[PDB]
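Chains I and S with the ligands: place on chain A using the hints.
In case you want the letters, here they are:
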Amino acid sequence: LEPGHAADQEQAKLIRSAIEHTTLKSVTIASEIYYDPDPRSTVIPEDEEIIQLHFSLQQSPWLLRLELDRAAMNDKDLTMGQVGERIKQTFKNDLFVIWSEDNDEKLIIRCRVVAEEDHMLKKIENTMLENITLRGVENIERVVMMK
Amino acid sequence: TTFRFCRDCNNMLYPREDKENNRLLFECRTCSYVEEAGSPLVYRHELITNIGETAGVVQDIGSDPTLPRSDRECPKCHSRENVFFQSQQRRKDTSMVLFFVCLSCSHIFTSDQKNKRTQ
Amino acid sequence: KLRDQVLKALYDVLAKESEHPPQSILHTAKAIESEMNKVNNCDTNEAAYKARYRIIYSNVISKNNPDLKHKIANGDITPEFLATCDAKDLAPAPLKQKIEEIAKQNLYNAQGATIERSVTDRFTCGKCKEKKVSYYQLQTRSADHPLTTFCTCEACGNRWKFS
Ligand SMILES: [Zn+2]
Ligand SMILES: [Zn+2]
Ligand SMILES: [Zn+2]
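Chains as they are written, first to last, in the deposited numbering: chain A, 1120 to 1176, 1187 to 1243, 1254 to 1286; chain I, 2 to 120; chain S, 147 to 309.
With the rest of the complex left out, here is chain A:
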């Protein structure tokens, strides 16, 4: 550590979370695929509260749900916005991406695509995993702190 901030416990777990190769695959719980046809009200009633916000303020019906774990998402200091802003700039402006906040019983990232579109929704199922970095240097899996 840097000469001064070397005996600070929390300081140590801040650098940790900046070196460890943290992939979208690390925090994900389940990756689901839904048939949600009307992109103005979710079929899932545990999501209703989400759309209200991302509308208050032409795509495709094949929804892609992702549940992130709160636990893992705070070992490596991240927030829903940071996670979502990262996916939305990988495929950029051609995958309709949304995400919940940090105060809901369950975190969720819902994204839709924009002639066999259920087969292109898996080309991209694999990229959202083994080819996307959140925060960390590649090849650096596991980072342990020691006194």
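A portion of the hints provided could be inaccurate.
As the list claims (entries may be wrong) - Think about it this way: if two alpha-carbon atoms lie no more than 20 Å apart in a straight line, the pair counts; the simulated SDA-like pairs of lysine to any residue are:
hint, chain 1, residue 1, chain 2, residue 2
1, A, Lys1217, S, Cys297
2, I, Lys20, A, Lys1217
3, S, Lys162, A, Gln1171
4, S, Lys234, A, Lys1144
5, I, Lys20, A, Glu1255
6, A, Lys1144, I, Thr50
7, A, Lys1262, I, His46
8, S, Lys154, A, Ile1169
9, S, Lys162, A, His1173
10, S, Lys209, A, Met1209
To be verified - Restraint ranges, calculated between C-beta atoms of paired labels, are given here:
hint, chain 1, residue 1, chain 2, residue 2, range
11, I, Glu28, S, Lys184, 17 to 25 Å
12, A, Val1243, S, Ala239, 22 to 30 Å
13, I, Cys10, A, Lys1235, 33 to 41 Å
14, A, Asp1157, I, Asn11, 31 to 39 Å
15, A, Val1276, I, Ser71, 46 to 54 Å
16, A, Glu1269, S, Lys250, 26 to 34 Å
17, I, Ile52, A, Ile1170, 30 to 38 Å
Since the hints were made in silico from the structure, they are not lab data. Every residue, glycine too, gets a C-beta built ideally from N, C-alpha and C.
Showing chains I and S with the ligands alone in chain A's frame:
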């Protein structure tokens, strides 16, 4: 995700789309069968999995000598004839919780004192 | 300009959940828009403004709904401080305590294996000459001739060997 096969030609039912009405339909791709969806959830892929499971009790477990006998009173029938073993999910992390098979009614009580299961 | 988006959000939300507060609407909403407008940065942020306030006023429809007036305030002063932190920690219920209960569970994960080995007072050390030495039977050639015996000093680090 529970997946259904059709009648007659008995095969894998693949989900296709109903454009004009906006709904989901499973269909057979060697026959001509098609049916409605009981749910909108088509595909699930679990990564981080919550698991903690017992064994494949044939009730004949009592009829295996190589299983140890402790002496707790079974919750229901109160018979101190137990046989026990650890979780059969032989994964590296899973814990040392003992499962007791009551040899009187085949009830399955545990040793746990942090959580609870009806499993 | 796009304060309409700011406008409807407050007014609408704080009065439409339940019709129970009337005309106090034109003071709760009105007051806490310039605070965000004075910070919005008509551009600058680019959405780091939106991100906060938008996502603030969505912490308002969730499971904290008993406390999801207020609003009715305890010093509604929280919003200027809803631009730094941004309070954030301040928005949940006791699910706060859960979040910080998870915090600890994560530190324990970061630290690594602790080398614990029973030390013997029947050993002389060169480095610190102390009586704190652990070893491990083995191994080279066991018995005839004899058998190696490798110690260690967990104080000093040195290693020697017998035979
Ligand atoms: Zn068929
Ligand atoms: Zn019994
Ligand atoms: Zn020594």
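Hints versus structure:
1. A:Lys1217 to S:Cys297: violated (57 Å)
2. I:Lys20 to A:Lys1217: Cα-Cα ~27 Å, so violated.
3. S:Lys162 to A:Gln1171: Within the cut-off at roughly 13 Å; holds.
4. S:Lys234 to A:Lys1144: The given pair, whose Cα atoms are some 26 Å apart, is violated under the 20 Å limit.
5. I:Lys20 to A:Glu1255: holds (13 Å)
6. A:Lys1144 to I:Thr50: holds (13 Å)
7. A:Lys1262 to I:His46: Cα-Cα ~15 Å, so holds.
8. S:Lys154 to A:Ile1169: holds (17 Å)
9. S:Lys162 to A:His1173: With a Cα-Cα distance of about 18 Å, the restraint between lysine 162 of chain S and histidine 1173 of chain A holds, given a limit of 20 Å.
10. S:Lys209 to A:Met1209: holds (18 Å)
11. I:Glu28 to S:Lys184: 17 to 25 Å: violated (58 Å)
12. A:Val1243 to S:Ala239: 22 to 30 Å: Since the Cβ atoms of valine 1243 of chain A and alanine 239 of chain S sit about 38 Å apart, the hinted range of 22 to 30 Å is violated.
13. I:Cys10 to A:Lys1235: 33 to 41 Å: For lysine 1235 of chain A against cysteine 10 of chain I, whose Cβ atoms are near 40 Å apart, the range 33 to 41 Å holds.
14. A:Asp1157 to I:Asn11: 31 to 39 Å: Holds: the Cβ-Cβ distance is about 34 Å, inside 31 to 39 Å.
15. A:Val1276 to I:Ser71: 46 to 54 Å: holds (51 Å)
16. A:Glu1269 to S:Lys250: 26 to 34 Å: holds (32 Å)
17. I:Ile52 to A:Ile1170: 30 to 38 Å: holds (33 Å)
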